[PDB]
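First comes one chain, alone, set out as structure tokens in the form deposited in one PDB entry.
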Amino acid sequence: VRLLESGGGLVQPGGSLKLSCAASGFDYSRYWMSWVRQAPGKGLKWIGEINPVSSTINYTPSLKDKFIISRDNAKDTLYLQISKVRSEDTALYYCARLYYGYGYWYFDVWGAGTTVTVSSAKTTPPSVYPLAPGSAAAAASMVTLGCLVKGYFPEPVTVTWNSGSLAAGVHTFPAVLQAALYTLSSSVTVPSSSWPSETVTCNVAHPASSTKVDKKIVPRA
């Protein structure tokens, strides 16, 4: 039983995007499908719901057609169209499967959800800079490294180290937005005797920008 919804992404204000939700692992019919969205930081907000034969479809209180939910049971897929989008529409969009206990329905099985950023700003690859300790590095037991990933848009970026092969002592702060550009750093503490001597590489990936870069953290001259 899986609920995989695509479609999300970047859209310019006044736009329109058809979010999709492919269902697998159960009988699509007999089921009431819905959508609920979680605005970054905020809570959940039910959008709508569409019964099996789609002879019923309801949306939270939002004018005429801001939303248009539908489903093609011939493809066990749930849809959601959002027109004239605005910043208030930038959130994670989940499609759930609806069921109940005594009868006061619940949101049964959720999905990963697609993100939707509604912005003017233009996509943008990121620039990755290595954060090696200064020349006056008090090389103690542990050595904190890290690499900066700035000037990109939109979210997100995925930073790993040595390709994940170095997962303990890793950090990736939340990205901060500024001047229509995102910026975040990644921390990675390792044993001093382990670093200079070996290769500490930070691998950033910006799907949107269609880029991938490996910055090798070398000691400061």
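By rigid core we mean the largest C-alpha set that fits within 1.5 Å across both forms. Positions refer to the first chain, counted from 1. First, how it differs from the form deposited in another entry.
- Rigid-part rearrangement between these two forms places its hinge, out of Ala74, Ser120, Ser55, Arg30, at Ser120.
- As a two-part rigid-body motion between these two forms, the smaller part of the chain turns against the larger by 22°, taken from C-alpha fits.
Any chance you could show the form deposited in another entry after that form deposited in one PDB entry?
A lone chain is what you will see next.
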């Protein structure tokens, strides 16, 4: 039972775009579906809702066709178009199945969200640089490797290690903007026995550029 949203990324002010949300694991029909967004580091804001036959379609007080919510029950997909896009439209957009218990409706299940960036810049894929200890293998019980993910736009990137086999011992740092590009780094801590004795690689994905980079971390000899 999942909600997968996409179509996020870069749009130029005044322009428009179309987010899709692909539902699955339930009978998508006969569910009212909804959209909510969250501006960076802010709180949740309801966009609209559409009934299972699109008979009723409700919206937050927007202007003209500011928002257009739509559903294709034949594909179990939910849609949202935004027009005349302005900086306030820069946010994380969530799809959500709706439901109730006594009657006052709630937002039953939520998707991962997709991210909309309103800017005039270019979509640039990241460079990924491997971070291994310098020629000084001062072995402790554990070792710390990282990767450096630099010069991408827009947010976000996702980082994993051995495709999420290495889960424990991982931190990824919030990105930082400079010269209208983003940089972040990911850290992983594994036993000194497990490396270089075995392979550690970081897998970076940047949906907006449809780009994945998987860089192997090698010692410096």
